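Work out the full structure, taking the sequences as your base and the hints as a guide.
Take a look at the letters that make up each chain.
Protein chains: 6
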Amino acid sequence: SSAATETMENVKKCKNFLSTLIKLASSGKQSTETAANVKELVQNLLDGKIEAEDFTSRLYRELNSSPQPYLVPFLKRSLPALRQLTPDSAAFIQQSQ
Amino acid sequence: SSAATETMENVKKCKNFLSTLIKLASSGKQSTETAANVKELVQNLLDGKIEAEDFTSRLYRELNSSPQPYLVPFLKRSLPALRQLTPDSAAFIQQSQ
Amino acid sequence: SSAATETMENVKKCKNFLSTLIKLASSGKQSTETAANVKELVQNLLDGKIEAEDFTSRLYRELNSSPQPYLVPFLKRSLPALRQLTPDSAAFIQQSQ
Amino acid sequence: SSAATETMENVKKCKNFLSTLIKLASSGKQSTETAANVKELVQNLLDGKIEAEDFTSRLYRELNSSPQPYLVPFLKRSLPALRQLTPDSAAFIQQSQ
Amino acid sequence: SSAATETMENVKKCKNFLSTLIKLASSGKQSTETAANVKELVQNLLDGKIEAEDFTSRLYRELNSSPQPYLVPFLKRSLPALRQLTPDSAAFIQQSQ
Amino acid sequence: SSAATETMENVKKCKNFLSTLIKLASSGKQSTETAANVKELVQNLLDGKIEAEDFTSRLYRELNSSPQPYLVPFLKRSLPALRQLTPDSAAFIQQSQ
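If you read the sequences in order, they're chains A, B, C, D, E and F. Position 2 (the first sequence) corresponds to 583 in the entry's author numbering; numbering is contiguous. Position 24 (the second sequence) corresponds to 605 in the entry's author numbering; numbering is contiguous. Position 70 (the third sequence) corresponds to 651 in the entry's author numbering; numbering is contiguous. Position 14 (the fourth sequence) corresponds to 595 in the entry's author numbering; numbering is contiguous. Position 2 (the fifth sequence) corresponds to 583 in the entry's author numbering; numbering is contiguous. Position 18 (the sixth sequence) corresponds to 599 in the entry's author numbering; numbering is contiguous.
Quick caveat, the hints were computed from the structure, so don't treat them as lab data. Every residue, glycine too, gets a C-beta built ideally from N, C-alpha and C. Among these hints, one or two may not hold up.
Claimed, not checked - Example chain E residues on the side facing chain F (calculated, C-beta under 8 Å, incomplete): (1) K610; (2) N645; (3) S647; (4) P648; (5) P650; (6) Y651.
This is the structure we're talking about:
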């Protein structure tokens, strides 16, 4: 409801989004190369090495998935806060498994 | 526009969402096991045996699909009404085929 | 922020959505038949030969993807403007490759 | 060892070949359309509606499998006997499930 | 029956094997990259740029297919003759489409 | 040519067959679960825990591959010797990677 409450909820949703991707990618119904690639996309995003548009483009290619029109703006508004909250990307990845 | 109008529109969208899943799963371009599994997820959701977060987690795994950040909150706001409107889950499934 | 600003942003997002579909479909990690089919869906949509609901239904089938509850309303609000802006659908397709 | 013994062994192998195809196709890890199509190929072959080369060509397409250079000659030498031994193709299919 | 008759039959089978691979790869149920790759394997084999063991290893990887124990020796005995018979590999490929 | 020479050649072919399966399964274009499953099939076969017919049935299911009529008899004639030659199945698997 407040801007602050909205921000915090977006952050939690975005954590859940990235951690689900890792869980899916790491499930072993998936190719070992895909899993490493999704882990690396998520880590680079979290480390600020890539930005939302390029992460989503590469993700759709990696998973052979279809585009989501609200996904980039969601990420763009959540990532600055989540990043400040997520000082160790490797540990986040490890924790999502 | 009104809260009531928004609610009704969410319900119709959510019906269309679940009925599309069934149609896709039942098309015969899909594995017979997947189809039975998606039917069972949809029925359990509609019967209140599972909730939105767990349904979506299992669905992404079943279809090997990618996460949708707005999907859980969409479902959470639509399902209470749709459920009261959908007294027979088996008939809903049957009707979506 | 203004209605006009919102409209223009929706149009750009929708261009990016359709052009990403074409890029994905044309990448050569995909079946030649799928690519031709996605190109044809996108062109028909842009030419007003099909509408948002039918385009999305057919797309989910073609790519064996999962439904997106906010996708149809997104398209419905963006397409009238994008269409007036996109007088040559073949050139749009060609440009997205 | 004798020609007669070789013939009988080829027939049993060919029964096992066609019944395995049916079992695989009917397992529900497969698309419902594929299963119906493989069942129909096997039945037509057994009923003499199609011959070995055309059956194998269509099968490779249906299962998206790779060619087997010894498969056609195997089938050609086994099928005349197996067919005389297999007066009801529907029952064979049913039995292999 | 004679060695000469056996040789000629092996050659025809091997032509049919390689031409089927091309037909399958070129059908458009397949990825554009796979098709180009299978075409290139077949051409290199026919041009003597690669030998039977390496062609089959790469093919199994490209099509994600399973190994065939009699395939290499089949190819090894057929290829020397087929190659002398097949002075233009590009035309063979073109003809198999 | 001699029975002894034929036996030794069958053994080498069968080693190459099983080691290729492991290489394919371990390439990381494959699901982590598939790889573990193919490794376990190959080890059980080599350890005499399963026999040729059951190994091939399970393999076709695991890789969603098509049946090979000459595969079981090939394995049956090769395995007794290869097994006596292959005192450590884990090391064979490890070596094929």
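So, going through the hints one by one against the coordinates:
At about 15 Å, the closest approach between the beta carbon of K610 of chain E and any beta carbon in chain F exceeds 8 Å, and the interface hint on this residue is violated. Taken as an interface hint, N645 of chain E checks out: its beta carbon lies about 7 Å from the nearest beta carbon of chain F, inside 8 Å. At its closest, the beta carbon of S647 of chain E sits 4 Å from a beta carbon of chain F; the interface hint therefore holds under the 8 Å criterion. Because the beta carbon of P648 of chain E sits about 5 Å from the nearest beta carbon in chain F, less than 8 Å, this interface hint is met.
Taking 8 Å as the C-beta contact cut-off toward chain F, the hint placing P650 of chain E at the interface holds, the least distance being around 5 Å. Look at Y651 of chain E: its Cβ gets to within about 6 Å of chain F, closer than 8 Å, so that hint holds up.
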